[PDB]
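Showing subunit A:
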Amino acid sequence: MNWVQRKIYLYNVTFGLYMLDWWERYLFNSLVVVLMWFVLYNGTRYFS
Partner candidate 1 sequence: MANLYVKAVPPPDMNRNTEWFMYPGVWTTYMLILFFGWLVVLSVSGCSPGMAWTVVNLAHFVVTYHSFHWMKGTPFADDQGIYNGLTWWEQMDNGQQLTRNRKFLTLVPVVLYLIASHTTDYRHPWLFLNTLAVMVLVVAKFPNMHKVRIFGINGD
Partner candidate 2 sequence: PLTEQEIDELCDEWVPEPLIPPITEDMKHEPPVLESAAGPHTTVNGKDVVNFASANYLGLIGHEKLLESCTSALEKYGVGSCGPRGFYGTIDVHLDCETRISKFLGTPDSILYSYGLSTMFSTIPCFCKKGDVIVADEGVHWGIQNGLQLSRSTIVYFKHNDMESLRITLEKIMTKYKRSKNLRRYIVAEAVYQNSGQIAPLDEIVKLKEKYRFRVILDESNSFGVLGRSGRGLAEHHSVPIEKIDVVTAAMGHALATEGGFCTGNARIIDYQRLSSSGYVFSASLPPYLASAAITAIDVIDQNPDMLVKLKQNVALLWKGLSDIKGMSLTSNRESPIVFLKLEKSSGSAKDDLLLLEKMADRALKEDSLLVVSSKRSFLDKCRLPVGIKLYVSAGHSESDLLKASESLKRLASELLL
Partner candidate 3 sequence: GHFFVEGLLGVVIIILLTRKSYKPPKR
C-alpha cells in the first residue's frame, strides 16, 4: 500500500464505512464528493 491507499483505508475505519455494503458505501461516498465540489467552487468564488 502506498500513501493514498493507506489514508483512504484509515478514512474508512474511522467513519464506519468499512462495515457497510457495496451500495451503501457508494451511496454515501458519492454524496460527500458532491458537497466537496459545491464548497470549493462557490465558497472560493462567491466571496472573494
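Throughout what follows, a contact is a pair of C-beta atoms (placed from the backbone, for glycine too) under 8 Å apart; a residue touches a chain by one contact, two chains touch by 3 or more; residues count from 1.
Candidates were picked such that all candidates are chains of the complex that A comes from, given by their letters.
Asker: Which numbered chain among 1, 2 or 3 touches subunit A in this complex, counting any copy?
Answerer: Answer for subunit A: candidate 1.
Asker: Which of the residues in subunit A come into contact with candidate 1 in the complex?
Answerer: Against candidate 1, subunit A makes touches at 31, 34-35, 38-39.
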